[PDB]
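K.L.:
Letter by letter, the chains look like this.
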Amino acid sequence: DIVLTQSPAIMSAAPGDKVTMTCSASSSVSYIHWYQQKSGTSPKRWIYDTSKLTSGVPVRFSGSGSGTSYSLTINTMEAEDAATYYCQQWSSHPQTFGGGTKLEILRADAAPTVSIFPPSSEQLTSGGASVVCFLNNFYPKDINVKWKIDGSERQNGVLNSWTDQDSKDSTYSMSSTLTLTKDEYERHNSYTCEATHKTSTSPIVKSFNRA
Amino acid sequence: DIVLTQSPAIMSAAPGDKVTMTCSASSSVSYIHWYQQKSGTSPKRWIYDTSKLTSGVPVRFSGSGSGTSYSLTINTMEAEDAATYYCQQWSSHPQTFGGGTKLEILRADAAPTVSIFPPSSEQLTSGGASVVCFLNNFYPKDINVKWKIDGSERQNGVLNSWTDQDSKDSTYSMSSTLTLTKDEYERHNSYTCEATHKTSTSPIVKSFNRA
Amino acid sequence: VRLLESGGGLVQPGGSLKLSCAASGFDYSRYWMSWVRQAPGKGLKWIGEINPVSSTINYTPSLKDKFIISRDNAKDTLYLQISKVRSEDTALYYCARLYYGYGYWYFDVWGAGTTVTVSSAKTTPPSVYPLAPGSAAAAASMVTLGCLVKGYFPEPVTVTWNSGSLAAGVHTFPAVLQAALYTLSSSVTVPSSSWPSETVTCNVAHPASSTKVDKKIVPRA
Amino acid sequence: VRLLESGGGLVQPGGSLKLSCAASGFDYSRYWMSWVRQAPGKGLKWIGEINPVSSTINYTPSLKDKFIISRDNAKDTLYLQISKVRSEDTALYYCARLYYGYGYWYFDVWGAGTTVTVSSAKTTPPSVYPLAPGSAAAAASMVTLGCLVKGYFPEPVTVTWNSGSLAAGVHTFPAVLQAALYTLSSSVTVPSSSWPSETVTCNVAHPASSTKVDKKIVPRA
Amino acid sequence: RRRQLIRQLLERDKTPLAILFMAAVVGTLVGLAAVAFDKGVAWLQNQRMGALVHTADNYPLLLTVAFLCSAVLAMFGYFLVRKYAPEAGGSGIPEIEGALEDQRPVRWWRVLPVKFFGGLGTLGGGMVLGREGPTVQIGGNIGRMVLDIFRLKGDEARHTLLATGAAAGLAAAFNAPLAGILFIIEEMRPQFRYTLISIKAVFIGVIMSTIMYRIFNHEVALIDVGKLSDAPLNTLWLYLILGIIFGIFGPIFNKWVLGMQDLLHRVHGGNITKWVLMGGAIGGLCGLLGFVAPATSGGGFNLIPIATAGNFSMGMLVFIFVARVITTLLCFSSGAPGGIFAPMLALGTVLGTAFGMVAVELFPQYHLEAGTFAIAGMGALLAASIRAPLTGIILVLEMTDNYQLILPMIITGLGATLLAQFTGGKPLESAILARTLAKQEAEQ
Amino acid sequence: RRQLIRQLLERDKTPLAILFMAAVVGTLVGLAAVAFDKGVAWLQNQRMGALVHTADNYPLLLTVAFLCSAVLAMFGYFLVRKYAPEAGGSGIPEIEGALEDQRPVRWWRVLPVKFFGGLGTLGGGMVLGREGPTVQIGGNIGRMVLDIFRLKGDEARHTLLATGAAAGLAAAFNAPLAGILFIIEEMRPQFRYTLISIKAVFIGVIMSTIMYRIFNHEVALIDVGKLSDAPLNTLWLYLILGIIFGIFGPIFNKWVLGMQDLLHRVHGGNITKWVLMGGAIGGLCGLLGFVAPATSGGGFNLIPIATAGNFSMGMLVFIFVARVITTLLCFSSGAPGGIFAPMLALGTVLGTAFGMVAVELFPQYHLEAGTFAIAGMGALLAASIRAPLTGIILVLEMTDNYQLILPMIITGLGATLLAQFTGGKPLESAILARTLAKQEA
Ligand SMILES: [Br-]
Ligand SMILES: [Br-]
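Residue numbers (my numbering), protein chains in the order written: chain A, 1 to 211; chain B, 1 to 211; chain C, 1 to 221; chain D, 1 to 221; chain E, 1 to 444; chain F, 1 to 441.
Okay, chain A solo, but in the shape it has when bound:
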């Protein structure tokens, strides 16, 4: 069955910009369709029969291509254009879908707002000791967080989670949780969270002492 490969797997472009994503086919296809999928919602028929716009699709959206290469284009991509676009063919059976292309709102660099939290007394009253660290609203998404217990580095028990781009500032957020046993947690004093991000050469450190 036909393999549709969407060129930029992920791309960033500032509002008002000609954006173009590719959809290559292993074999020959014709009249491919495009679906727009916004985080949290169902795919939506955007472009079909290679270039027809679905009722409601802004005219900034256009698509074209043939044989083994198609492309969806946005002449001046708006904010509400951030989404994942999936191309799909059915000129051959069974129909297949592209890996999709994630369109993200490129924007201004932002240093992370770092907040560190000691384990709640309620959690400690259970043997667990999660040390939560928030790295809120930074840009680009690439960011490194490093933990330091009593000045010494720590990588075990550390779990990170990134939010998807935010729809009100287009920044990213990450949470880093160092989970330890209440006994482990108590035999140390200084717990620091270090965030290294493009917005600065010197990392942003946040910490607290059990004392």
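Hint data in this document are derived by calculation from the structure and do not stem from the laboratory. Cβ atoms here follow ideal geometry from the backbone N, Cα and C, with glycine treated the same way. Please note that a few of the clues may not be correct.
Some chain E residues flagged as far from chain D (calculated, every beta-carbon gap over 12 angstroms) [claimed, not checked]: (1) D57; (2) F79; (3) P105.
In silico EDC-like links for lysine to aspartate or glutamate, alpha-carbon gap of 16 angstroms or less [claimed, not checked]: (4) E:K14 / F:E185; (5) D:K216 / A:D166; (6) B:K146 / B:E194; (7) F:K13 / E:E186; (8) E:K227 / F:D400; (9) A:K52 / F:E218; (10) E:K200 / F:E185.
Given chain A's structure and the hints, the job is docking chains B, C, D, E and F with the ligands onto it.
P.N.:
Chains B, C, D, E and F with the ligands in isolation, oriented as in the chain A frame:
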């Protein structure tokens, strides 16, 4: 609105007789419909447009008439034909229905089969005491039931109910219920049900003793 | 093709009730639906009709909003709202799909009907009592059994034996009313070798009171 | 036009589940219905399709009876039975009405879809912990609070602050799985003058374990 | 000429009231007849099926009374034809086309009672003949009879009252008024010179009959197929191909119908008794097959529905095809009174359905439904053999009601007529006239 | 006799060249029919975007409506009066002449004239259909290929002329069958035998319909849904509705003709009193297409609404008269475009009305106006233009209510029957008789 008057309001005929019922209209009508209604069931379109038989209607049924007089005819009526036949017009609005013509079957003698029943224990466990007596499958329907508590006659609290002629055997059935209070019922011993019917000069007696 | 109308039952005078008619087995659209009613012991009387798109709704010479025939093709259901209900509205209500031959319309297929009773009493579930032959019965060829259904209101009650599998030799007598309560008994005659050796259950249903009662007839202890 | 698919949820490996899709807002017939699924963080994959009269039913190249797409035009519902479920079947399942322009069909309208989780791990309610700034926090313009929602299974948990009245500055990170248990924290940034002076409550909900918990974030003494 | 034209333009569409009023009485009669016939035929096919129950046990005795009843009627028919109206055999269409050309007589006082009671036996016996033949002809003679009984004079009157009787007849056949008119004006009519056929008269006749037919066959389509799916644009080329195929097969079916017409002439060589007996033979064969695989016998209407639905298997289709191709020729070619018009629809349906099934599995991404192809084909045989596409396409339409398949039905039908031309085929009823007209000279 | 036998055996044999050419015609006719319908649309759009621009000041807007409509209307009347006097009005009567060999096919002129011409008249909101523009542009199209390829012989000139007409009438109402029925019941030389190869017509029609489907798929011109059915005791009613269209069919003919004269005086043959009298009516229409659209434009848009019983008795009558007026004015005024479509709309509306009345009169027939609306829709075309069979099938092809075939026919026949016994005449034949007699005198 048109007034449809069905001639014999009630008629009797022996299976194999040519049966004809009339449907007169106050004004002029055309293409009247006839519905057959058997005891317990919804009406069924039997004859329409004056003489067309609905699918499934035996050919012994035929309709005719014009202007102000129409008639439904059964060329050799069958016992299963016992029902009430309603004529209907709609050649004028609003549509109107005839009073109906009830067709009753004339078959041979059938003597009742009496069954007496003492109050159930569950009923007595409530203060009531109904003494039920069934007089099943007899004909004619003219039948007299007489109750006798401890040999003495009783007419108070006695309720009778007749079924309509049976669609297959043309016999009637009747139920006589003598309802008393548990206390009243217990101060007597012999409860008898007496059925007098054309099929015999000596009544059919059924009874039971609480003892 | 089936028409199942419901909603009927007991309604206090001056009150209003909404009858329904669930249709199935055909394209509900394309069809003009109609209501007709039959008053106890009397003939048939047209209430009204409603075309497919509800653009036309005629009624029998009635009054203001005496009747309100509506329909919801999305649910294949017909409706009949009756208001300021008076004794004249007590009757069996039938929904019927309409059609025609040459053009003078007829009531093609009718539902079973729902019963509407205008009265002030209470909805009372029946009491079912088994009618087994006395401990002095001469077990003859056939054995007549039965059950007493009493003290219910309003009509009707449906009585079946062994879930209807026992349809032959059944007799359900017309209910008698007394002191605002109905009473009726059903007699079933089966082969003497079929009972007590085999289970004979009388099933009574009183939709009004949402009652379903199954009485097992057992030889008199 | 609406497509509401249900049935998804937790299923043990090797087990089978039946997904449903309630259609409304159009003639269910005339339409070819189809199922497509999206595995966590991945692309779309066609499962199969079924024509109006169920005379044709095609599936993506897959095991013999792995999938059983059926439909009941009488209920305007589409069905997808999956069998011998394995981890690969864990995904969001979408029903979609099919159509076309020139003739090369497309997935006309999609529904929101139901999530299917294939696992042996056990349903576990979450433990909500308040994340208040340490007793050494430099009360700046804004104050970041939050709450840890750990040890639950399966997804998902909804976290809102002050019943959703505090929608701005809220951040609920994606849950991380470890040892058959999910863990996520939500961070809410409010004005330093809004907290502690005012009540900041984090409300967690885990329908799976019938859990509703409200954790009040309080300053550290 | 120009001044003449201006004289004519201002005088266009003016049909003498007498003509119009007579086209009316014709259509009426044609109808009542078309009804009594369709009713007789049905009545016999009934009686015939009530005798098989009478002898429902003894299989061989039943297989016997099937053949016999069908034979006994078939003969009674062939007889009535050979003995009192040699024209009234076979189609009847080719004959009426002649009379419009003034090259053949319209011995209504004969044909009427012959073709009528004739087909009553051939159709009413389950043979593979449509009603068209019997009616179309009976229709025209009907119109002739009125022409004479009222002594209406003038070309228009003879050519018009003859053409309406034809259309009325083709209408009361498939309860398809439009088609009845399109037929005349694309086929029936003198194909090479101008004619005084008043279209507006045709109509009135057609109407009247369709109305009389509606008075007795209301609420029962001859062919109910329900609303089929739709056909996407990228699916079109497939109906072209289906067309081409009907194109090379259309002529071929023509040779066999003609050739077999001869090969069967030898068997009786013009002998009233070898004919009557060779007829009762094929006849009985049909009354037999109409019990051991009906899909190969009778009119053919009954299986179109089943076929379109995709209820038959690939095997069962093919079989029905061939078996029908055979029973068809045999009954028509044999010169039995009745059309080959209806049976041609059936062959089309079946052939189409088959092309469909193949289509379906070949292209799952087209979401095909054989039933459409079955409908593009239904009238395609009529388009490549009888060469009257436009009458066909509209004859299908008027009976299947799937106007959303207008594009396919056309492309198939055109494709048929185009290949039935580039492969040298000829209008089967024209060629049947050319033979009848040339055989009327050659023997001088 | 012997001749016929020679002919029979030689019936239905069209020269492959002819066939292959009918194909290229159809194709072209189509693409054109498309670009025209698209232009017209495009302008009706632009026009509507200017009314938003000046959406406040009511009088300024009522102004820009008139003006934009006038400005185009004139640009049209001009292109007709100045470079192709034949390309004004219907075009049908003209093409019917060419089939008769009594008129010339100045394609090198008409094409660019009628085309950009109607683009202004239609695209301005005038009460003219697309038939005229296309039917004509269609035949000329077929002429142009005749010449460019030098195809010789009667058949070739008569055939490639007829297909261009059918293909043209087809791509108009996306109605192939009608296109062919039109030629063979109307267009064609009504009194002598002709060398028109039906099979050629078809191929052309097809090709265009296919070209039209390539761009107007999934959007009927007239969507009316499946109407009810019609009982046999309800038939006579459609006979009456027919008779009415029968006596009014001729009468509308007089007005279309007569107004054709009474409008000739106003400019008396003067290119400037014409161009200016055209942009006058033109602007009148771009105005009414904002203060009661149901009286202006093609008319397609209101058939749906009408058939549905969405208009009241009053609103109907008004739209009728108002339309009878705007119709004549735009056609009779010799503006480029058909009176073919607007005649459908008049039919619909007249029928609907007959319906409403019917309904209340007989509640026991359970009528639905919408059916009479469909029995009429093409009944005007059957009593004015006298081409019933083309009408009935033209309605069919677009309403899809084959269950009303009996009514549609009885109405239509009843029309053509009374439009005969009341002296009327085939409106495009009488328009030719005039154009042909105004030539040899
Ligand atoms: Br022959
Ligand atoms: Br003109």
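K.L.:
Verify this label for me: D57 (chain E) is non-interface relative to chain D, using a Cβ-Cβ cutoff of 12 angstroms.
P.N.:
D57 (chain E) is indeed farther than 12 angstroms from all Cβ atoms of chain D, at 39 angstroms.
K.L.:
Run the distance test for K227 (chain E) versus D400 (chain F): straight-line Cα separation, threshold 16 angstroms.
P.N.:
Within the cut-off at roughly 12 angstroms; holds.
K.L.:
Verify the proposed pairing of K216 (chain D) with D166 (chain A), using a straight-line Cα cut of 16 angstroms.
P.N.:
26 angstroms, violated
K.L.:
Can you confirm whether the C-alpha distance between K14 (chain E) and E185 (chain F) stays at or below 16 angstroms?
P.N.:
14 angstroms, holds
K.L.:
Test the statement that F79 (chain E) is away from the interface with chain D: the closest C-beta pair must be farther apart than 12 angstroms.
P.N.:
Given a closest Cβ separation of 48 angstroms, the condition holds.
K.L.:
Between the alpha carbons of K146 (chain B) and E194 (chain B), is the straight-line distance 16 angstroms or under?
P.N.:
The hint holds at about 5 angstroms.
K.L.:
Against chain D, does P105 (chain E) keep a CB gap of more than 12 angstroms to every residue?
P.N.:
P105 (chain E) clear of chain D: closest Cβ-Cβ about 54 angstroms, beyond 12 angstroms.
K.L.:
Would the hint linking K200 (chain E) and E185 (chain F) be met if the CA-CA limit is 16 angstroms?
P.N.:
Holds, because 11 angstroms separates the two Cα atoms, which is no more than 16 angstroms.
K.L.:
Taking 16 angstroms as the top limit, are the C-alpha atoms of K13 (chain F) and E186 (chain E) close enough?
P.N.:
14 angstroms, holds
K.L.:
Next pair to validate is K52 (chain A) with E218 (chain F); report whether the Cα-Cα distance is within 16 angstroms.
P.N.:
Satisfied, since the Cα-Cα distance of roughly 13 angstroms is no more than 16 angstroms.
Hint compliance for this structure: hint 5 is the single one not met.
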